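A single protein chain has been removed from this complex, and every other one stays in its place.
Each chain carries a letter (A, B and C) given by its place in the written order, and its residues are counted from 1.
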Amino acid sequence: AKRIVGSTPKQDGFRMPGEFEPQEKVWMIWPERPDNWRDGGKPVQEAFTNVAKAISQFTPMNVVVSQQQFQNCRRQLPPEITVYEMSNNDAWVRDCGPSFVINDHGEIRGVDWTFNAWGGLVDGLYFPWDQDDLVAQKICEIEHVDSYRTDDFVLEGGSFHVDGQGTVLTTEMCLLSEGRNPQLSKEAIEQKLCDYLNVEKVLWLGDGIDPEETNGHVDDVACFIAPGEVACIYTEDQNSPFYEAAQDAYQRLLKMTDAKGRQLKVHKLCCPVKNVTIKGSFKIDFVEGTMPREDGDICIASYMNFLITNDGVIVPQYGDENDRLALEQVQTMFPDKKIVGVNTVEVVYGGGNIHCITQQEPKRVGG
Amino acid sequence: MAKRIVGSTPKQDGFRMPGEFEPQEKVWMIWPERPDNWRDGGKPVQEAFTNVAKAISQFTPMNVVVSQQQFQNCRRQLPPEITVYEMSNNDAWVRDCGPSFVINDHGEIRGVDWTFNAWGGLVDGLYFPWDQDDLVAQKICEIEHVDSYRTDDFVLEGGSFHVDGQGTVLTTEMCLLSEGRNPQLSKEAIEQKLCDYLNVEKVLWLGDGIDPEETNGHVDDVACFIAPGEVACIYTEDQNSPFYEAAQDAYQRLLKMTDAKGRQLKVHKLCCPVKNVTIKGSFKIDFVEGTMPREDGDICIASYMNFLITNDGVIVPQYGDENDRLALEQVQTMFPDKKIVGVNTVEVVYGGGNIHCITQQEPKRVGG
Amino acid sequence: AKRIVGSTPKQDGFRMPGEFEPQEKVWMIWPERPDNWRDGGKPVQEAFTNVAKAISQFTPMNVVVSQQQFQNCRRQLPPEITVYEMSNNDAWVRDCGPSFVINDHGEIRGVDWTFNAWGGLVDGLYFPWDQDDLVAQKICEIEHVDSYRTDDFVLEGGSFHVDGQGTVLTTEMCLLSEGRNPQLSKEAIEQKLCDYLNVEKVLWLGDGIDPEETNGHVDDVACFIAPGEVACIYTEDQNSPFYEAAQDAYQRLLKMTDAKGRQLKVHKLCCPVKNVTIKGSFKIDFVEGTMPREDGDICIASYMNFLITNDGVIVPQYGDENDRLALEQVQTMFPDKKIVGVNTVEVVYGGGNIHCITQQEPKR
Partner (left out) sequence: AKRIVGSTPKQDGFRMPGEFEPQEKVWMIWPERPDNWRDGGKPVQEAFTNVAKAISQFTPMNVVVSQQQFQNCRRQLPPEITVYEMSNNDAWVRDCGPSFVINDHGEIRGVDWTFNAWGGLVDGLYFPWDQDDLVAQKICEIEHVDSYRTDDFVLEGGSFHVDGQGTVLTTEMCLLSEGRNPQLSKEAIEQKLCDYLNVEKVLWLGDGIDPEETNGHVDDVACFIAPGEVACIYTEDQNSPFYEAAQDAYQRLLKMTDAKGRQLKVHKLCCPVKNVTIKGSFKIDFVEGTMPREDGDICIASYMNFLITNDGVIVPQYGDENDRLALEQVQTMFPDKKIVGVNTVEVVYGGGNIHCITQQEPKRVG
């Protein structure tokens, strides 16, 4: 496939569709690095396998994997899930994957953002990320899709959410941080989102809930369920580490309008009652430069980190008293979809969840 | 997708390997680099594979698979219409470690994943290990969402046989009956594997090939099918040629052979280079114990027979020999309605083979 | 360093000393491969760390480790243990390491045997083993030691034991097996041992206790405690998978004399009462070509697989009722040494134990 040079998605008539628009397939990277994942990734591999299986009932599923894990990965996953060899540094394809864009006429392209492991050498989560940064192009090659590379602009798919109708929702905590694009003004960043997502309105939330991990990705806080409709985390437990950020996001969203002038309909999503924490007993390597996983570390367990995929919604389950409530709430957001909970506490120990380990590929429409 | 198909054979399941002259959906190639085979860290041969890939792409969608380290360079070198995948490998001979695709009459396609052992394993193979090469067939099948048969404990390479798509396979005794392949099997057991996995009824045995030390005499340097009932065979009257005895004998055998449908084979002569191609001397190639040495004066297996038939084109070796044009003329007469493209591939021949051995076709589904 | 070509240790005046002779250093490879070791090697890395620590009290200790695990390995091990990067396929340096030989005139060389993962493509335990087979040379380079490469002769250090005085002890089950040197007669194999160890008498035991794993390495069955003195595993439990082999080894040893004509003194060593087994809950990858680790598999848990190292002896502990008895018995074999038990059941799940995961380097 080819790089598209000298033009933007917007100029070329391509847009990032909403995650709730029809999907051709879904992508995932197989997890393994022992300085993030306990027990050499054996527990988290089971969780990713379960997520992959859940998605595959709704949408063709694909997993990419290192040279060393290829044979095990192919054995673990059912044959209807396609497996590719692909080098990688960690397994977060929401964030190092391509963001696909489509036009009105049956074509699809990829946006290949610069990836830097959530803050690079300022506050990134490991070093290096050179193989992660090639995942977007390799997936586009597989798909025979041409791509835009955003030179000198760092972004992750998990840091924004689109409605497919001219709006993007994001967080100041993430995009304005020192480790991302520190030379750019907020206005310059807005222009990049407009140009590459094909949007005209940027909705800024303030804080996210994981300042140390992704620097507050919006996908743990709020998302679009449909045009003009958002879900937002909510809690009234003032002891929650998520309390202030959930409260502020909720209040901001109530009065936001999208690009079409619709006042957002905000649907509350609960949070886990109890903190999910790293235990010192977890067998995780310490490596200088890799984010430590220390006893008592509070993990970012948000139910918002779900994947919408065709007729299904794949929702985190953390072993919390609110697991059932979360499924009930998401069901009401998507009354005509099948809601599937998957036990993903093993994913959350590594810094994210179902949404951060997947990347959808939309169906081409038109032509 | 890829499941393995277990407890049955292609023949039992109504699949057959089509002739290489039947319509193709795609062609595959591995990007070359290993410095104990390829001089100058593969730079000269990478240019040659690029030219071969470009030539194929004019006729048939083209695909190259490449190591982690060479991915970025490979993608830069190849035009964008050629798709590039990361794929681990030990060397770049996808005719031999690739899958052999088979089709049925209902529009389906499956892969045959043979056991690969680097042309003789620890008996007389060309390097060690070959564990990544041996996974290429499954990985390409995965990319294609194609289910595959794995031939447990049976070693074979795609370059070691040729099929007419109509019940016949052509092969060499020098290769398939050698100690480093399947020494526990009788000739009859080996015939059965060919019949079951290719869907053939008649195995035509040539004797010697022309590269006993390299592939143990792959048929694809000696003779191939141009169409059902029609073969091409190398030919020389130079008794000083290292190819002479094997060329003369293959030719004589073929003139006495009938295919599975009882047709007397029509044999078309293909010339050989007048001058030997040799390793120099001055080539910068690493020596590693266990890897086939490339020593000054080594005669390289330069056969014009190692061409690829691909849809409306035929891609033919050119060695810088006086017979390069004659070879193109002869191939044109074999395929009067195809476009014949010569590509300078002497840099590939230094590494032990040529255009046919660095490619693997994927047939179109029919029925389908 | 240089390869020594056209001669053998015996011709050049070098011999492999007994393991009970003084040692300069000990070597170990860091374990990790997930199709042998459960939980991506985390539990076994703790056991190897504990073994390395125990050895370091007696003898300078060295661990070699893959690119990916180097940083973790260096963090886990105390600083007195030296850490080198070294590619490898699995972590059994007794078997893919060099066997060092000395001339008792200040010089030392290595024997670099051909390694094939305990049976190659016939019955080996994984494929490939190309990096394992380079370990012996790389360790010799580190030590500035010249080496003899035994072209077309496959051997592992764990398959034989020497007294340093002209005798070697081995098993027919291992050395005569199809996956090792099937082209060679028993007598030709004897001659290779004589040439490369500098011995004159080969003592052949019959069966080992792990036919499927190493093909019956002697180092799980019997060893030399001192010149003229051996220890042999023993059990009276006819339900033991070790029963017949232990019984025959013991009976053979009672009838053997060494190269100096000494009747061997034969001490019995207990065996674990209960079988150690792979559990179904163990999280181990399956890969075609790699020895499967399946529920109920009996693991080769022998107390014989101990390392003699200067003033210490490092002895397996399996969590078995006989763990303390084993330490008692080894103490009586080496009355002037410190006997240290280490919990090594995690190592045994992967097919061997303390002796297999170490390689000594003798003092010059």
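Here is the rule we go by: a contact is a pair of C-beta atoms (placed from the backbone, for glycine too) under 8 Å apart; a residue touches a chain by one contact, two chains touch by 3 or more.
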Please provide the labels of all shown chains that the missing chain touches. A, B, C
Just one of C:134, C:298 or C:325 touches the chain that is missing; which is it? C:134
Selected residue (touches chain absent from view) among C:2, C:105 or C:255: C:2
Just one of B:40, B:105, B:179 or B:322 touches the chain that is missing; which is it? B:40
Touch as defined at the start, partner being the missing chain; which of C:67, C:183 or C:238 qualifies? C:67
Absent-chain interface residues of chain B come out as 33, 35-36, 39-44, 72-73, 76, 284, 286-289
List every residue of chain A that touches the chain not included in the displayed model. 120-121, 127-128, 130
Sites on chain C contacted by the missing partner chain, in the whole complex: 1-2, 67, 70-71, 74, 79, 82-87, 131, 134, 137-138, 141-142, 144, 146
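Keep in mind that, in the parts below, only the chains that are shown with their structure count from here on.
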Does A-C or B-C have more contacting C-beta pairs? A-C
How big is the gap, in whole Å, between where the Cα atoms of chain B centre and where those of chain C centre? 45
Taking each chain's centre as the mean of its CA atoms, chain A sits from chain C at a distance in Å of 49
